[PDB]
Amino acid sequence: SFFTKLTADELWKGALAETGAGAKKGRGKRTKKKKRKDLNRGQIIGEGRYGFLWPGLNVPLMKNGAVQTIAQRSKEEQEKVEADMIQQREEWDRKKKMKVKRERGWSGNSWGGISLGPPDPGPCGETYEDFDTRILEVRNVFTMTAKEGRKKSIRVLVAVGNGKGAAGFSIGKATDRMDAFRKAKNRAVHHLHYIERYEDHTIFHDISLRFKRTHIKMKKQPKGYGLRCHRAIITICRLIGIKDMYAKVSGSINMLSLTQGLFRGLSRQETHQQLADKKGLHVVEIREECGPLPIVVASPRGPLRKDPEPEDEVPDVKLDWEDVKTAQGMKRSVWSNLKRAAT
Amino acid sequence: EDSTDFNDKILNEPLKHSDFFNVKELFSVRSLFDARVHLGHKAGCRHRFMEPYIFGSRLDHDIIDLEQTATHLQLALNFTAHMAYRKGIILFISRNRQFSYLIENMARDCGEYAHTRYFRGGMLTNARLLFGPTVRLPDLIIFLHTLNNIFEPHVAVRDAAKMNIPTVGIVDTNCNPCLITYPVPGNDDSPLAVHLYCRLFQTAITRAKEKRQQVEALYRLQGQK
Amino acid sequence: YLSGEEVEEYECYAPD
Amino acid sequence: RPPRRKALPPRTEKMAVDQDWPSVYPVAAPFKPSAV
Amino acid sequence: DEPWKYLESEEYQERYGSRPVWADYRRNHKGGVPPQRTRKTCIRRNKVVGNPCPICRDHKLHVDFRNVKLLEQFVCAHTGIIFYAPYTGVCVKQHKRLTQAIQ
Amino acid sequence: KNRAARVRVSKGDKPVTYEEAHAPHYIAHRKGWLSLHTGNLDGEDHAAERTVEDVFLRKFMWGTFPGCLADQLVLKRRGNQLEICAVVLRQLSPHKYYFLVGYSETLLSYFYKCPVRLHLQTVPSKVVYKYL
Amino acid sequence: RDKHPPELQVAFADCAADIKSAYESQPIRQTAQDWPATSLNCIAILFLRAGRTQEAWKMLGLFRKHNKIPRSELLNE
RNA sequence: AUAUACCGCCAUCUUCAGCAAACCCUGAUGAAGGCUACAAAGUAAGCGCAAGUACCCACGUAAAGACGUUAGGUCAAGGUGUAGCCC
Ligand SMILES: [K+]
Ligand SMILES: [K+]
Ligand SMILES: [K+]
Ligand SMILES: [Mg+2]
Ligand SMILES: [Mg+2]
Ligand SMILES: [Mg+2]
Ligand SMILES: [Mg+2]
Ligand SMILES: [Mg+2]
Ligand SMILES: [Mg+2]
Ligand SMILES: [Mg+2]
Ligand SMILES: [Mg+2]
Ligand SMILES: [Zn+2]
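So the sequences go chain by chain: D, B, a, 1, O, C and 4. The authors' numbering runs 87 ahead of the 1-based position in the first sequence. The authors' numbering runs 52 ahead of the 1-based position in the second sequence. Numbers 295 to 302, 312 to 319, taken from the authors' numbering, label the letters of the third sequence in order. The authors' numbering runs 45 ahead of the 1-based position in the fourth sequence. The authors' numbering runs 52 ahead of the 1-based position in the fifth sequence. The authors' numbering runs 35 ahead of the 1-based position in the sixth sequence. The authors' numbering runs 536 ahead of the 1-based position in the seventh sequence.
Misleading hints may appear alongside valid ones.
Ranges of calculated distance between the beta carbons of each label pair, as one might list FRET restraints [said to hold, decoys possible]: (1) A108 (chain D) - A63 (chain C): 30 to 40 Å; (2) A108 (chain D) - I141 (chain B): 39 to 49 Å; (3) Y166 (chain C) - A108 (chain D): 24 to 34 Å; (4) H292 (chain D) - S242 (chain B): 17 to 27 Å; (5) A95 (chain D) - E560 (chain 4): 53 to 63 Å.
A few chain 1 residues facing chain a, derived, Cβ under 7 Å [what the hints assert, rightly or not]: (6) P54; (7) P55; (8) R56; (9) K59.
Quick caveat, the hints were computed from the structure, so don't treat them as lab data. Using N, Cα and C, we set each Cβ at its ideal position, and we do this for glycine too.
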């Protein structure tokens, strides 16, 4: 019956079944999903199976200065049109099938390590093209609710940085994973730390700190050492601009504790100029590749002390057994100093 | 070509003088003493970060060292005058209702702004939403009282730092000056103290605005000829 | 996402 | 590339305030914004 | 015949820019710790494996002792040590040719 | 909960027209009728035939002007005249709109044996009353 | 052709601008734009007499791009 | 066949008043939380209530009544995804 026919929108809303108890709680999963297709896309007004040529609708109205008359394509001429539409339909299906693959993160199914692009431009014509965003954690949080039972939300941790010392991180929360990405990355750009870098490649000194139960021990390293650190630290260090560092994470390996523990330690590092100003002495760098040449890296801006720094015969500094065990050749690990890809 | 000379003769010249506006002539340790600025709260109310600025305890009542107040007040007035000279937006904030009317009038008279009412969450940290994307925030916030009515720090002290706004604040012996850029140890309760502060800031701000007009006018007359 | 996400003027009187 | 067709200005802008309106709407017709 | 010319051409600059030819290569392996040796060879009886190494994936890169600009990309500029094969991802076959060409 | 002819609240991104935004209880209160004829007045006949004709004309014009209609049709009957007033978009070339007007008016005049006129009002885009 | 009171001259510059847009957005744009010498000379002169000197100075480049001889009157104004 | 794939039209709480995008802030940037009027971090579009309209009033009665709850009811109103039958 002609009167029982419906519109395309009605037919797709029913067939897709996007509203319903199946889609409310994700009670139904979709390895095979009906996909909406626009069936009016490649259709031309006036074109039908019979192949009639209507002047002014599907063919030009005037030809050679005279009005065209009703005509019909030959059976052969119409087969070509039909075949051409099928090929054009498969070409469109293949153009959509040809989608550029995006690089993976720490693993194929992991979100961690994936770039989200620069933060969105602020309302007042503000732009952050110089900043890159990296995901550090994507979690599904399940909230028990008074009336709706277990609901599913997304908590995202992302870090931003420009590669020149300015970096920050923020948590994002939303029901949708892509809204959480927007919240986290946009908020992080307003909570940027500045991290001082020695020679724009490493930290100024060894940093060992604890944040809650996460211990992070970082070592200053020379050029060419690379980033031999927890994969999350590697991600953050590329955003800050540190190229050479060793780091070891102990205790709880909690991503959030690690991120803010890492940023707390890197933001409280004393530069060489601050050391010279604090002690009013020269800072002299001795490099074995340069032999005994003394390289003054920092000199005090104020007066220069005349009294040498007291030489305590034995320092009362606390040592790490892991560092000492390594220097004494008593550290045996099959996993240490393994060959890995450039980081 | 002509902008560098403008910014050099008008904006950079005042910064080469120790007291360009002569704000030291506005007050003295005696003038502060007569306004009861040295009177602080009882020792039981003392904040530990205010101990540097306390002269002692006179029968369990803390006394503020006016020699320090004088130096801190000099810095605060000098900064405030320079910000008024540069045409910065100065916002006075206080929750003490005994002085709400006085403070609001002082702001209007000096051509500045006052917020003495309940401070709604996000006035500074969410200003674009509350006012509009083109809203200009204050360049300097002056606290005549740094505590709210429940004896906690005014939310604007924390939020001013978040928005990188310098803060001038009168800090009594029970207040926390850690986040106040230019703290001025002084009595914030006595009507004589608060009235004095309003005269000094009002005068410092008004003098700097007239100085800005004088220099500009002179810089233009000389420019034509 | 890693497969890819590819959802992918002047006016005239009496035009021709 | 051919320019997209531009809708003409509503012919109300050419009507004089002392015109003969019955000539505009002589017979029953639907409301026309460009004509009223 | 003149392998050093490829690195001076426009085709090379469009594909690699100023980064090393191995910058964007990634090994496919199970686990977080990769195998300690790379694959023996990416060209096996004239057939190329699915993920050819930085050298094998571009047939115009010729490992030759005269193409010094290519060899420098596999030596540490700060220490002068030759990167081990897992560092860059080159197969064992090409890493040996690089080590001999470098020497 | 009532469903009939109610566009449901969403995230604020769904544009609805004036007609779509008003549930049935607003008919004759905030929105008028899309067809006007005498068949439903007291003492009048042939309501069933006018109703079937209206259902056809709405489907006919939907498929005859595919993707061009920017709102529901307004059907007017005076005597034996049938006037179809449609708000359409400005995407199709004017030649195609004149062809379909001539084609539709003639075909419908012979189908229902009455003089039929089609009145087209063009809009640059669908007129949005609110974003639900 | 001739100079006019400032009120009229301003109006002629609003039309010359609209004509300039027509020359720039022709549907023969696929073919090289044909900018007659008289049109370029007149459009520039109308901008000067209206006080839109900034627009007139910019147009001088189009005399070299299209290799169109400038008119004596335009150079003097 | 499947209302446990659905559209459509509904029941129910509702003889409810809440829901909620986008922001902001607190908890060390934990799951979480965000009110005080002599106010102490919330601002909130939109939807609902409300208002308005219908009936004999501004009363009452209708109508309206969001989000969500019960994979509630209905494939047998019609349409329809999936699977099945086609002497
Ligand atoms: K249902
Ligand atoms: K059914
Ligand atoms: K079925
Ligand atoms: Mg995988
Ligand atoms: Mg006090
Ligand atoms: Mg009901
Ligand atoms: Mg059900
Ligand atoms: Mg009532
Ligand atoms: Mg009822
Ligand atoms: Mg109501
Ligand atoms: Mg059931
Ligand atoms: Zn290889």
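Evaluated hints:
no.: 1; hint: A108 (chain D) - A63 (chain C): 30 to 40 Å; in the structure: 36 Å, holds
no.: 2; hint: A108 (chain D) - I141 (chain B): 39 to 49 Å; in the structure: 56 Å, violated
no.: 3; hint: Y166 (chain C) - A108 (chain D): 24 to 34 Å; in the structure: 27 Å, holds
no.: 4; hint: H292 (chain D) - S242 (chain B): 17 to 27 Å; in the structure: 51 Å, violated
no.: 5; hint: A95 (chain D) - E560 (chain 4): 53 to 63 Å; in the structure: 42 Å, violated
no.: 6; hint: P54; in the structure: 10 Å, violated
no.: 7; hint: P55; in the structure: 14 Å, violated
no.: 8; hint: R56; in the structure: 14 Å, violated
no.: 9; hint: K59; in the structure: 15 Å, violated
Checked against the numbered hints above, the structure violates hints 2, 4, 5, 6, 7, 8, 9; every other hint is satisfied.
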